[PDB]
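Undergrad: The primary structure of each chain is shown beneath.
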Amino acid sequence: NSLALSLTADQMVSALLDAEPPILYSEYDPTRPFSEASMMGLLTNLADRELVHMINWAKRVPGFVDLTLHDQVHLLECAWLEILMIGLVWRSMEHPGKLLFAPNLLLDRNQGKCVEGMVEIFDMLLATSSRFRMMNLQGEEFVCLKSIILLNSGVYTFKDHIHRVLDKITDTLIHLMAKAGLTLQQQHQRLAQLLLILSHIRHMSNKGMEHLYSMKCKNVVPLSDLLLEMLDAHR
Amino acid sequence: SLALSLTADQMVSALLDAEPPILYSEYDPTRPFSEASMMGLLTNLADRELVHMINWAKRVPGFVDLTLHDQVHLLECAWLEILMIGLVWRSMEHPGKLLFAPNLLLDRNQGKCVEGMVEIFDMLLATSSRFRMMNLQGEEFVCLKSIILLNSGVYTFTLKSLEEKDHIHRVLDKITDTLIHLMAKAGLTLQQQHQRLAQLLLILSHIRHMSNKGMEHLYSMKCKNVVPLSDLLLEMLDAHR
Amino acid sequence: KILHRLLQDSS
Amino acid sequence: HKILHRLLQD
Ligand SMILES: Oc1ccc(C(=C2CCCCCC2)c2ccc(O)cc2)cc1
Ligand SMILES: Oc1ccc(C(=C2CCCCCC2)c2ccc(O)cc2)cc1
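Chains as they are written, first to last, in the UniProt record's numbering: chain A, 304 to 461, 472 to 548; chain B, 305 to 461, 465 to 548; chain C, 688 to 698; chain D, 687 to 696.
Because the hints were derived from the structure by calculation, they are not lab data.
Among the hints, erroneous ones may be present.
To be verified - Partial list, derived from the structure: chain A residues whose beta carbon lies under 10 Å from chain D:
#, residue
1, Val355
2, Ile358
3, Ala361
4, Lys362
5, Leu372
6, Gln375
7, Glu380
8, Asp538
9, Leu539
10, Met543
11, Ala546
What the hints assert, rightly or not - Straight-line Cα separation of at most 30 Å, DSSO-like style, residue types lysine-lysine; simulated pairs:
#, chain 1, residue 1, chain 2, residue 2
12, A, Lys520, D, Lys688
13, A, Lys531, B, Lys520
14, A, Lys520, B, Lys529
15, A, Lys531, D, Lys688
16, A, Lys416, B, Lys529
17, B, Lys401, A, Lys472
18, A, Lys520, C, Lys688
19, B, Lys467, A, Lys401
20, A, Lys520, B, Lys531
21, D, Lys688, A, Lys529
As the list claims (entries may be wrong) - Here are the simulated distance ranges between beta carbons:
#, chain 1, residue 1, chain 2, residue 2, range
22, B, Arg363, A, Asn407, 51 to 61 Å
23, C, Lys688, B, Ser317, 29 to 39 Å
24, B, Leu541, A, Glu523, 18 to 28 Å
25, A, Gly442, B, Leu308, 27 to 37 Å
26, B, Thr465, A, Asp411, 16 to 26 Å
27, A, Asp332, B, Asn348, 53 to 63 Å
28, B, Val422, A, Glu523, 17 to 27 Å
29, B, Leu308, A, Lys472, 34 to 44 Å
30, A, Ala491, C, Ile689, 41 to 51 Å
31, B, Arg363, A, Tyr328, 48 to 58 Å
32, B, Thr334, A, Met437, 49 to 59 Å
33, B, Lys492, A, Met437, 24 to 34 Å
34, B, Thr311, A, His373, 41 to 51 Å
Idealized CB from N, CA, C, for every residue including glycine.
One chain only, chain A, in its complex shape:
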């Protein structure tokens, strides 16, 4: 028996907010124009350092530590790029047209054209960021969506305890909307809109996963051993 189900909705928000990973920085060489290997090398280095914090963020998600080590590995292996992308989308909220990969690394659509096939994923990420901005996504809602992605994206690729925590985060999401003054009709409508965006985040992840599989086969930008493990888990 875990302890996530016993936590209050406010105690659920505080635990997720306190587990938030930091906003990392990219390498500080000022070269605004990028090549294909230059841009992918910076993102690969950044994503590799972000995975280490995500792994420790996952351990501090209520209910995740109560899972089997294998079940913990499975959920992170399938949702890792989704979690990175929804974090990238969230940081880019107050930067329309830009993707804030790091405070010292903002990229636009023209930047994604330096890597073939990545400008298409850029538009999807920028569209999701504009969608979060349109809905006035709160940070308390964002940390709930991240933990939902972690526990849901791989729950059918195996279970009852995971759905119990997923229902707990649902109660937590409703708690936030009822506190903001939204009516009952506005609660489940905003809840639906938020969860529907997760379908696009999954889509962007699968598209991004194939893009990284293409970069591996190009064998120009060297991937880290940890990234190769998270990448090989998708075949």
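On the provided structure of chain A, position chains B, C and D with the ligands as indicated by the hints.
TA: Same frame as chain A, now just chains B, C and D with the ligands:
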């Protein structure tokens, strides 16, 4: 617009009245299974299913109020998702089996006849076991299908062209109200309504994942030049790559 | 496009 | 053996 004034009970009536039939397959039980034969059956089946889906999409409330180019985009990105959730729906009361047609029940052993398709079979089976575990209702299933039609391509899009994007969200919120009305009649508390509403929409993330995985599998067997794809399926497949 | 015709097919 | 195993135990 007509769809905005629909009652939730009238919304269910429209979706249920528009349900496409359950087409049969050309499967011969006397013929053993093969890779080229099995994918040939499913290609012929999915191709004839596309014709009814295109006419089913027209009868979805709000879909006719969209641009002809917007209707093409929504179907191009969601066609395999809609096929898969219908397949998962038909296979709900057949554990370990996928009911592609009333005369075509496939388990995991048949899925291995095609290289790599067994992994997608397991995901579809787990989704059906999830639908069976949740005791999914037909009124909820038809709501999820129309959501997939409007949502799967709404973020892949003239400054006024986003006004129709705003109209799609109006119908999406309208279908959300319909789901909540359905669950309230089934004796579910507000907490149970929100949880079940969340569980249903979370499955759409896996349906998208299965579609992306299935879309890459169809692209691989096309370049294999082993199973010829129909002219419409080639159009739907080229729209994803 | 075939999807164009079938969507455009009124009668 | 996976690096992800070690990062989850440590
Ligand atoms: O915070 C981040 C979110 C996503 C990415 C990323 C993306 C790849 C998908 C294409 C669009 C760019 C986002 C990436 C880049 C390189 C890499 O080795 C692993 C992940 C990095 C950091
Ligand atoms: O109702 C159906 C749903 C999906 C499929 C299908 C699937 C492909 C994804 C892999 C798992 C099998 C299901 C398929 C097969 C061949 C084809 O040319 C187009 C679609 C057919 C009918």
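Undergrad: Need the list of violated hint numbers for this structure, in ascending order.
TA: none
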